[PDB]
Amino acid sequence: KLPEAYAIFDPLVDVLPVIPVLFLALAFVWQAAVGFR
Amino acid sequence: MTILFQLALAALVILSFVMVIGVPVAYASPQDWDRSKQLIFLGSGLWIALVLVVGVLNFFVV
Amino acid sequence: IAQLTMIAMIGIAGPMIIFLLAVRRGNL
Amino acid sequence: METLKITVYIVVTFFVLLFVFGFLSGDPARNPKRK
Amino acid sequence: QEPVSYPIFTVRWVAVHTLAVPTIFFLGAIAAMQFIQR
Amino acid sequence: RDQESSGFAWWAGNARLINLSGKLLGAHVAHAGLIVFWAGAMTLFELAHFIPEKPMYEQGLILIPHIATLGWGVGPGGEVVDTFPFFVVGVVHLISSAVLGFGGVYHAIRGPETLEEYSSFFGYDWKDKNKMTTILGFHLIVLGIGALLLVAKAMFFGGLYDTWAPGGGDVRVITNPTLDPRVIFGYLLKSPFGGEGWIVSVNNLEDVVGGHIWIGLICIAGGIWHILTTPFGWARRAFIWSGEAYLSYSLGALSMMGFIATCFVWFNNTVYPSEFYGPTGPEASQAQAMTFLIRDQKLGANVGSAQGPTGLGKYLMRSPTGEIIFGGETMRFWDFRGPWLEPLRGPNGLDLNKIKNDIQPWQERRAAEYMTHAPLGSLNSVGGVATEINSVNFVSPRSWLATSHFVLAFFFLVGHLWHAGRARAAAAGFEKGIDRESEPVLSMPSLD
Amino acid sequence: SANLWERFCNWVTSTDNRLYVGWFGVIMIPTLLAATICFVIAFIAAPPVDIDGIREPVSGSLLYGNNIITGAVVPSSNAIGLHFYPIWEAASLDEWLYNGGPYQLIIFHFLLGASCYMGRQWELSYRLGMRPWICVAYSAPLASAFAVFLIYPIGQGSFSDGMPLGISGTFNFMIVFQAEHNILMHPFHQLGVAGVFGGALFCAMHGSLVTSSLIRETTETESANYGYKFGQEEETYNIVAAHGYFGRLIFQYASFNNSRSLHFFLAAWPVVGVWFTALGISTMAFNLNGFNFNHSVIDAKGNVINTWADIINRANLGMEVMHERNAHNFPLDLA
Amino acid sequence: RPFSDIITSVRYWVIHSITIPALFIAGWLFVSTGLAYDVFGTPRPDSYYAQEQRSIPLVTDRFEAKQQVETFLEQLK
Amino acid sequence: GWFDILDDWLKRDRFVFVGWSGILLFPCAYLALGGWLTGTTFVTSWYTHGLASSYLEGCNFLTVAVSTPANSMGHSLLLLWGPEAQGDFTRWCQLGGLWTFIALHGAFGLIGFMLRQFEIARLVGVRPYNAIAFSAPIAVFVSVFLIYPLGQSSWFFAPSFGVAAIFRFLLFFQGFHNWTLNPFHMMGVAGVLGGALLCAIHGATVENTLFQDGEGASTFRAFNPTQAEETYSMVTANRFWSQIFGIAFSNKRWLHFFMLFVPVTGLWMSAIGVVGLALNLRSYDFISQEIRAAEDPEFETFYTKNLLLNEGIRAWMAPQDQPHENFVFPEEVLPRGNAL
Ligand code: CLA
Ligand code: CLA
Ligand code: CLA
Ligand code: CLA
Ligand code: CLA
Ligand code: CLA
Ligand SMILES: CC(C)=CCC/C(C)=C/CC/C(C)=C/CC/C(C)=C/CC/C(C)=C/CC/C(C)=C/CC/C(C)=C/CC/C(C)=C/CC/C(C)=C/CC1=CC(=O)C(C)=C(C)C1=O
Ligand SMILES: CC1=C(/C=C/C(C)=C/C=C/C(C)=C/C=C/C=C(C)/C=C/C=C(C)/C=C/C2=C(C)CCCC2(C)C)C(C)(C)CCC1
Ligand SMILES: CC1=C(/C=C/C(C)=C/C=C/C(C)=C/C=C/C=C(C)/C=C/C=C(C)/C=C/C2=C(C)CCCC2(C)C)C(C)(C)CCC1
Ligand SMILES: CC1=C(/C=C/C(C)=C/C=C/C(C)=C/C=C/C=C(C)/C=C/C=C(C)/C=C/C2=C(C)CCCC2(C)C)C(C)(C)CCC1
Ligand SMILES: CC1=C(/C=C/C(C)=C/C=C/C(C)=C/C=C/C=C(C)/C=C/C=C(C)/C=C/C2=C(C)CCCC2(C)C)C(C)(C)CCC1
Ligand SMILES: [Cl-]
Ligand SMILES: [Fe+3]
Ligand SMILES: [Mn+2]
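Residue numbers (the entry's author numbering), protein chains in the order written: chain K, 10 to 46; chain Z, 1 to 62; chain y, 19 to 46; chain I, 1 to 35; chain F, 8 to 45; chain C, 14 to 461; chain A, 10 to 344; chain E, 8 to 84; chain D, 13 to 352.
A few of these clues could be false.
Listed next, the in silico DSBU-like pairs over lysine-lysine satisfying Cα-Cα at most 30 Å (straight line) [said to hold, decoys possible]: (1) C:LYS327 - C:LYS311; (2) C:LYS144 - I:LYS35; (3) C:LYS327 - C:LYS369; (4) C:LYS36 - Z:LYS37; (5) I:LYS33 - A:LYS238; (6) I:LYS33 - C:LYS140; (7) I:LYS5 - C:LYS203; (8) C:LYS367 - C:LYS311; (9) C:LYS140 - I:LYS35; (10) C:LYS203 - C:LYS166; (11) I:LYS33 - C:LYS142; (12) C:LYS144 - C:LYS36; (13) C:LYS327 - D:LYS317; (14) C:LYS67 - C:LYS166; (15) C:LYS166 - K:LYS10; (16) C:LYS369 - C:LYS311; (17) C:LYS142 - I:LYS35; (18) C:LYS140 - C:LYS36; (19) C:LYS36 - C:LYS142; (20) E:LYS84 - A:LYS310; (21) K:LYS10 - C:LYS67; (22) C:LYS367 - C:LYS327; (23) C:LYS144 - I:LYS33.
The set of hints was computed from the structure by calculation and includes no laboratory data.
Take the sequences, apply the hints, and build the full model.
What follows is the structure, given as structure tokens:
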């Protein structure tokens, strides 16, 4: 699957693809924190 | 070599994490940002170094 | 040995950046 | 049935040409404001 | 708004509390159903 | 600036960047990082689950096949012999993403918010026509260089996976691409309707690499052209020069490209192979038919003059022209050309004699494997239509790509409608509503 | 004097015409006129059409003994496929009609014209110095018309699997569609019906709330509608009364008080809904099907217990077995 | 009156963090001890059939409906 | 005395109003909702049809229902204290007592809301058009959930509260009555799509003829709730629409009344349609077509395809959809397309 040395980071690799959607959520977090200008 | 390879790769993931929380508040905050210009420079220099020394060490392990 | 340690950390990584800029008041 | 192909092509072509020449002809100042 | 001569529990009180205790009791039961083997 | 002194609510916030160049630059060079990040992250995620002796289309890989088409990590017949190119492509994209994002956060928060007072070559104005044509010229040149990279891969660096090669596909090097404009522009004169087909009708990699040379150099010449030229009068009277008009045209372009892409990925099998993505739409029907014929022929039945329970053939039929094609409801597909089905096709459709004696093993097993794997599935990924039971799970990669790019294209069309309307209305100046005192209709003759 | 082009070009863009006719119009009008002629003639006096390419014609013409409900223009043949099939690619008009010729002839012109109509709406709004994006709202029925007449044929691979141009034929289309893909368990079709039911609902309650707040300029022998005298500078009801009515009905926070928000929302709900179901048909053309649950309840003996989804699957199997005359043997199909 | 006034007062927490876990646990224990199966009389997934009655139970009279279903439950189906 | 006290404590202004209608509305509505929520959660339908329809049995949210009573109950209401459960709660749950419970209590909750609308309108001092408009869903409710099972032999053929159980109703109606070919349903569908058509277009026209009164591109902030000056150019809307389509409103009062009129009438005409099916009077055939398809076997129309399909729906759904008949059909008498 992944070379045997990096195999330890098999969970780290599984959590990579959902990092993009979070940016769009963070932008709403940001906006509510400054109280919506 | 493989313990050293894991050790270097673990520090890279950690130092990327420390970098990804560190530089936005380094540029952004207004009550110190200009003193953090050397910290982010040395930090990013070490980052690209650490990346490439782990990279060449791949072929010497696997 | 836990590798769930970074999946813990990586979800709070975002708002901690904003939380501190809201402690250090400026440029949110 | 062969004449039919040619006269349909000519008709279609005539209309598409009026269309393009019509949109080249000064359309962004046809508005009632800022003409 | 709900009255200003203030009965001890008003009308808003029963409205939120007929919809508070069943759904807490229900999402505790529905969650338990998930761990039934089937 | 950054409150309601700008003329946009928070849900239109990105529109405060029409007049700030640096802040806008930071926004885009930061977003590029996301596109690259997903490329790398997704192929690493796919590879962590990849079984490299199981065909790619039955496990959901949709980024490894693009690399496989370039003939990296593959042997003959589309098997994996080593998995290193996958890892290196993914990890180097994921690493370069950081470099893009770094430039993002810097130009957005630390950089000058106006680049016209800073620089006069990164200083630009949407109403300055000359700057736009020069930037457009740069961008055409880096696209021209980008188009010649594939030609390099084709001729020097081990070529491409040719699926039309003898005995199933094999990686083959192009040693002679067409440089013949007649054949090249001939594709653009064909009718889009079934039977013929537009540029989608490509059937060999010589035309592909040849056309890549052709489009590359017309855009290097055109890119050089827009640095050394100022737009003409009729060109200036045909347009609205506004920072939003360019976006409208570009949305129009992207919606057209998505419609074309979803047509490609559904029908072609030269640039989207049959050994890295599953069979195509007609390919499974034709396969079912072909393996049925082969099975029933071994019992010694007459299949060559066999008439149905409605007549007009039982295994084979006549097309309109008179070629021997497949019968039943496989009579709407005979525009299908497969690599595996073509050695059996006579001078006017299939020749039943070639069927009896010139069956090679890989052909009949290709036909048999493609029969039970036809583009269907549900939105919770289990094979078949709504009558059959959940016991086999199939969703062609073709359907995922087709459905996604279709709905994104429809939405990019309606976005082009929106931004064209805003740009046109804002130009003339009634995009904030209709001025009270004077109104057009109050000065126009009343219909009766 | 001025030459004929300048005269023509301001005759076209004349916004003093009784009916507008743009540059989109000059290409809209012939295509739709032709569409109208071919529909009126073909619904009435067409010969029967071989649609299954095995010599069973279907009558859809009134003159060969149909009424309005059963009549239709019968789709192009399965033998013709996705081919372009005009009058001059046939050997005779006789056999062009035999292969469902007029069906293609109505729909190409009609879809083209319906897009040119979308263009014309924008042009008239641009000439009247009013806001755009009535044309953005028109993209919803238009995209559903495309999906049903052009995309779903490309996807299934023939124009026989189009929707006939008629009422009972439309019903036939729905019933075969449900059997072969089960559209009711597709979440997108569920948002489409929600948008239509909610759209109809918001129309009714909007109508009642505004007509119940009207001012008194009338008497009780002349209709209420003569309170508006055309193009009043006085809005003809009191928003805070309706707001105060709605605000006691559900609550104070469940009642809009900005007519501009109310009307934006009134326009936004069904349009998003109709997009979603139009796309739903379009993805089913590539054969991304609704959710299918076979046996969600099984016990310890390992024997199944039915669900309502199973009763629906039995019906689907019934319809689908009837829509297959092509043989008894069909193992993994479509298409 | 706004939720802001409700989300802060100590008496709100001193009731709630005490009542709600009891209700959560009352709801959990209600299904997990199998009591929901007896008070609603819903079968367990080993009691839909029996080894002498391999067809669906069906009521066919409306005044002995009660007795008919009690017969099916008495024979351990 | 005490009456006018009970009056002004009820009719008082509060975050949410109660009134005399509150006394009928709130218990009935709350019990009906609550019943459905416990029925979808714990209650089986295995002693009635041979289905599972609850989370306790393992079904998801797309396949649960509070299912109808059994066929042998007739049209009995099945009261808890009555001589079909005799003071017993468990059997009452098994026999489908919750369906009727929910149906009756929801039927009174509808009357409560209807009355509530009248009362609030009489109080605020506006005309009661919203309550007249709200009689269309009650017409539909009592025509589909009450009159239709009372015309048949039981509650068993009524729709069960649940999404998939309503889908099965759609297929049942199509299969046995050919419901789309009845003109009252044509009129209802038209009325409802026309309501939906008017919604999108009216919103789009008002929102795209707004005056300039703001400073930002968004015009949502240029509105004050007062009616002193007009908020959209009606004249412009008329001039636009009379030119692109040919006819236009030139009377607001009439436009809003047309908006009220189209879907409420649609639903009323459809209610007449489903009470027509309750006697099994159903538009299903045109006799001229049968005699013609009898004398000529190579005649085909789409209508004949629809009747063959109706055969398929019925013959294949009947076994598990009418278990109380204990139907058994051999595998050789089921209808088949390929046998034609
Ligand atoms: C692709 C390029 C592109 C670009 C660069 C722009 C740029 C812009 N648009 Mg445009 N637009 C586009 C495409 C594009 N658009 C398309 C394709 C459509 C059709 C929908 C539109 C429709 C549109 C409208 C209607 C409007 C704009 C407006 C704007 C401006 C402000 C936008 C803003 O702040 O939103 C900030 C964005 C949000 C608050 C949206 C957040 C969405 C969330 C919460 C959920 C997203 C879910 C996702 C779609 C589904 C998948 C999720 C996944 C996780 C599985 C800005 C200049 C505005 C303007 O001023 O126009 C002139 C305005 O009114 N745009
Ligand atoms: C990919 C999406 C995208 C991008 C690239 C941007 C970019 C930007 N937006 Mg937009 N926006 C977006 C989505 C996005 N936005 C969406 C979806 C919405 C809807 C809510 C908005 C709503 C919105 C509004 C209302 C406004 C903007 C504004 C801006 C600018 C803010 C600059 C600033 O001072 O930030 C300050 C912010 C911070 C200090 C906190 C965020 C921290 C950042 C920069 C990093 C986070 C990611 C990560 C951890 C960094 C790793 C670095 C590593 C590689 C080393 C900036 C150029 C503003 C604007 O136009 O002003 C002129 C403004 O008022 N945006
Ligand atoms: C692609 C988008 C893009 C654009 C348009 C810019 C534009 C700019 N950047 Mg940025 N930058 C980017 C991406 C981008 N950057 C990325 C990805 C990063 C992370 C590496 C950075 C990080 C960065 C920083 C931190 C700084 C700049 C600076 C500059 C400014 C330079 C002014 C000058 O006189 O330069 C004169 C220099 C040149 C004309 C030559 C540059 C040669 C280099 C550095 C790159 C060459 C790359 C490649 C090999 C080119 C191949 C071309 C090929 C066709 C043969 C300019 C406005 C500086 C500035 O003042 O910004 C305001 C500053 O502080 N850049
Ligand atoms: C002086 C010339 C010049 C040159 C050469 C470029 C070059 C580029 N610009 Mg550009 N730009 C210029 C001036 C210039 N800029 C000016 C005056 C402005 C106005 C401020 C901008 C504003 C601008 C913006 C805002 C953007 C660009 C983008 C781009 C990139 C397009 C990538 C692409 O097409 O992806 C497809 C890829 C290819 C065709 C393959 C490229 C192969 C070659 C030729 C380069 C590869 C090596 C190089 C170091 C880049 C590596 C990228 C990495 C992520 C892998 C490219 C690096 C965009 C971008 O991607 O930035 C992130 C973007 O958003 N430009
Ligand atoms: C792809 C990106 C791109 C973009 C955005 C532009 C943008 C522009 N170019 Mg340009 N150009 C490009 C690439 C690009 N160019 C390349 C790569 C070449 C080299 C081959 C050229 C060669 C070129 C020339 C020769 C000229 C421009 C000009 C212009 C301006 C045209 C003004 C106008 O109204 O034309 C509108 C044009 C038309 C309406 C006629 C179109 C005729 C054709 C191509 C199609 C007719 C429609 C037909 C039905 C389509 C059938 C397709 C079929 C296959 C189905 C505009 C600023 C002009 C200018 O002022 O430059 C300064 C000018 O003289 N361009
Ligand atoms: C105001 C709200 C209200 C209304 C209208 C009803 C209405 C109804 N309930 Mg319900 N119920 C309610 C509140 C309400 N209930 C509450 C709060 C509870 C919880 C305690 C229940 C619990 C309940 C259960 C469990 C059930 C019903 C059932 C029923 C129905 C059966 C008939 C019945 O009991 O009528 C209600 C009223 C009466 C029977 C009698 C009223 C008598 C009055 C007005 C005067 C009597 C005068 C005098 C003493 C007569 C003397 C005669 C003598 C001289 C011979 C009916 C639709 C059943 C059902 O739906 O089955 C399908 C059922 O299962 N009820
Ligand atoms: C050979 C041939 C051609 C044969 C014919 C084939 C064929 C099928 C014929 C059709 C016959 C057929 C079978 C009919 C069946 C159904 C039928 C009889 C239905 C009528 C009965 C009915 C349902 C009654 C009750 C419900 C009802 C009234 C429904 C009507 C629905 C309907 C279509 C409404 C109209 C919608 C519509 C398009 C409105 C546009 C209004 C408009 C001009 C708005 C613009 C506008 C908006 C503004 O906001 C403002 C401000 C202004 C100013 C303004 O202007
Ligand atoms: C270092 C590193 C890395 C990376 C990291 C990162 C990048 C992280 C992330 C970060 C981020 C990027 C994060 C984010 C976050 C976010 C979230 C998680 C979300 C949030 C939101 C929410 C949850 C919501 C909210 C709300 C509500 C609730 C209500 C309304 C309002 C609002 C919407 C606001 C990797 C992995 C490559 C590996 C190597 C190293
Ligand atoms: C502006 C803004 C924004 C946005 C932003 C963005 C868009 C950004 C992005 C950026 C980016 C785009 C980033 C990224 C990052 C990344 C990184 C930093 C990475 C790292 C990695 C590494 C280091 C690696 C490692 C490894 C290896 C090497 C191998 C194996 C695996 C692993 C993973 C372990 C928002 C809206 C939010 C807010 C407002 C403002
Ligand atoms: C062979 C081949 C190839 C290539 C090809 C080529 C060579 C292409 C070309 C392309 C092209 C060649 C394209 C074109 C396009 C075009 C367009 C898209 C259009 C334009 C125009 C317009 C858009 C216009 C507009 C207008 C009008 C019309 C009117 C007047 C006004 C205006 C301006 C508005 C490839 C690679 C695939 C490979 C394989 C094969
Ligand atoms: C039967 C009966 C009765 C009654 C009872 C009752 C009244 C009950 C109630 C109950 C209840 C009252 C319940 C409730 C529950 C609840 C629930 C079931 C909920 C759910 C929720 C959810 C699921 C959520 C979701 C969401 C949302 C909403 C938003 C967004 C986010 C989310 C998605 C998360 C009586 C005793 C009289 C008699 C006997 C019989
Ligand atoms: Cl059929
Ligand atoms: Fe209105
Ligand atoms: Mn079909």
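The hints, checked one at a time:
no. : hint                : result
1   : C:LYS327 - C:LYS311 : 16 Å, holds
2   : C:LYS144 - I:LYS35  : 26 Å, holds
3   : C:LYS327 - C:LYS369 : 17 Å, holds
4   : C:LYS36 - Z:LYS37   : 20 Å, holds
5   : I:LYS33 - A:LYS238  : 29 Å, holds
6   : I:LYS33 - C:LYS140  : 20 Å, holds
7   : I:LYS5 - C:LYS203   : 17 Å, holds
8   : C:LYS367 - C:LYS311 : 15 Å, holds
9   : C:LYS140 - I:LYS35  : 18 Å, holds
10  : C:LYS203 - C:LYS166 : 29 Å, holds
11  : I:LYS33 - C:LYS142  : 24 Å, holds
12  : C:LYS144 - C:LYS36  : 19 Å, holds
13  : C:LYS327 - D:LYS317 : 24 Å, holds
14  : C:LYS67 - C:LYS166  : 27 Å, holds
15  : C:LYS166 - K:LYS10  : 26 Å, holds
16  : C:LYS369 - C:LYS311 : 9 Å, holds
17  : C:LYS142 - I:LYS35  : 21 Å, holds
18  : C:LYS140 - C:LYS36  : 19 Å, holds
19  : C:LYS36 - C:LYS142  : 22 Å, holds
20  : E:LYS84 - A:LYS310  : 13 Å, holds
21  : K:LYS10 - C:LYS67   : 13 Å, holds
22  : C:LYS367 - C:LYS327 : 19 Å, holds
23  : C:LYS144 - I:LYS33  : 28 Å, holds
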